[PDB]
Amino acid sequence: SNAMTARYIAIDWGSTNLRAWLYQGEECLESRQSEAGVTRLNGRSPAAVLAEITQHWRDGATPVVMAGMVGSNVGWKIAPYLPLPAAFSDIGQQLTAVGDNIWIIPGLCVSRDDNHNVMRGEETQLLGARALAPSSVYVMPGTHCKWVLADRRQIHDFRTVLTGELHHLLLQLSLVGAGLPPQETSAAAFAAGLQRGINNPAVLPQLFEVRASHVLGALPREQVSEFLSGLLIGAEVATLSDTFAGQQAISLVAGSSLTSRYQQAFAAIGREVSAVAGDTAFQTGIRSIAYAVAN
Amino acid sequence: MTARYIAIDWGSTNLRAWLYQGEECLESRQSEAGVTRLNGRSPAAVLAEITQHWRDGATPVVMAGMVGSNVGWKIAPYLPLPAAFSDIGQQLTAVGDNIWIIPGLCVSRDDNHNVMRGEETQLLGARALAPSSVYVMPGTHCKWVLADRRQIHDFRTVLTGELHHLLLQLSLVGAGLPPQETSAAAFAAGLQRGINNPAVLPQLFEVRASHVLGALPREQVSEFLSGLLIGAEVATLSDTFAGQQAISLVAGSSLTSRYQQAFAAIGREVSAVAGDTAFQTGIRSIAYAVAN
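If you read the protein sequences in the order shown, they are chains A and B.
Note that the authors' numbering has the first sequence beginning at -2, numbered continuously upward.
Note that the authors' numbering has the second sequence beginning at 1, numbered continuously upward.
Keep in mind the hints are simulated off the structure, nothing from the lab.
Don't be surprised by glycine CBs; every beta carbon is placed ideally from N, CA and C.
One should not assume that every hint holds.
Simulated coverage check for chain B against chain A, where a stretch passes if three residues somewhere in it have a Cβ under 8 Å from a Cβ of chain A [to be verified]: (1) 90 to 102; (2) 152 to 166; (3) 231 to 240; (4) 257 to 271.
Could you build the full structure based on these sequences and the hints that come with them?
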């Protein structure tokens, strides 16, 4: 029978935001959002919150497929990590059942002497990127950036870099950014940071120099955020690029602003990327799981 | 035969003062009136109160730290490097009669922008008490200094203490952890990981993954992270600040121990001097140059 005529509900349930979509095939019939992330439920059960946000959408036959922190230990029910290497096709065959045709997508893990790593949520965008922009290497930037090695059937390995988080920590909570004025866009400061980070993957001494540079007048006070961003992204790409080698274009999975920052970083070290929007990758990935459940 | 002087360490949140006659500390005092917590008092009034009954015509006050920053009493501009160790006591900033502020140091060239204010005074002490070509001064902001017998040539700063605190207590790494415990083993393991990964950025998240997956006890995260950051620091800078003489490590007793272990893991000798002893010997050498 034809899965494209099947209704399904896609959920992305984070620690602080909840997004829900009702789909029929590639048609998004309705979408809803709530501030009721899993650590912000304000005393309600996850089951009650899901029923509220899917009100008038449910009808017995319609599966609910959920990604993200809803399957963590602070979520509804633990969906245990799948250890790597794992087939792309394992994800959709290993869903955690929470009752009544409601399913949680598990994250992925790696556990060996030289690599301990987890992801939860990004596997769903990965599945989408595998359909939309296949590669041996996927880079998925954000607060935490995932770099993933895969072939056409299996996900082999990944690493995580705290780029967005560290930018936040350094600019807004640390002495590096203390006392700065409102921050402005600067293509030149970003480009200069990028060059500095690319040449200093062993980046630790460079962090304080961002502050000293603005104190001594070599970096305008309004351009610190942009310089810091370039430094961290540059150091990230120089650290991992030769370890995530590939003839094929890295497939870069992110929103449009951050895509173009990483494209610029990759161009400064001579690497080609194919870009796929994070939201498109998410929905294509979720859909692949919903079609398995409705098969 | 020996100099009478008053030594001040005046930080953002704390003030300490000592009356000395040569090496004899006659009296010490402390106050919560850091230069950002004056509570509407003038710095001059805070200093008058803390030096009450100590003052005479011939007794200079020598002050280090944030008192000489742009949020302090009066700016003691940074001395650009290279500078002779002896240049520091000849370029004090006067704020009043025989009251002097010690200036920090800076470097400003294409591949190095750096500042310090406070640590130069410890450095002057360490130059007398454990001379070396390389001084490492750990803390919130670790200073690594290159110098010869006469001149301070260069320095770098690593935010080891600040980054440790932020990543443990202000970020998703240490979110959800129980109270943290001492662990020689977790520190030693972090050290090995950091020494082998100076390009440390991917390793930071793996500390959190390590505890999620049961490879690192939830209560030993602080210790592992400490080893990781210190190990990465030392592997980043050791070959750049090379030298045959023992690195002169200037720190309190906890950090001294961590850094000794970090340097021993990469085969590098260390001569330790306590940071408080270094500070006092440093301030003393300046007071003696003022008294003349």
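Results of checking the hints against the structure:
no. : hint       : in the structure
1   : 90 to 102  : violated (count 0)
2   : 152 to 166 : holds (count 8)
3   : 231 to 240 : holds (count 5)
4   : 257 to 271 : violated (count 0)
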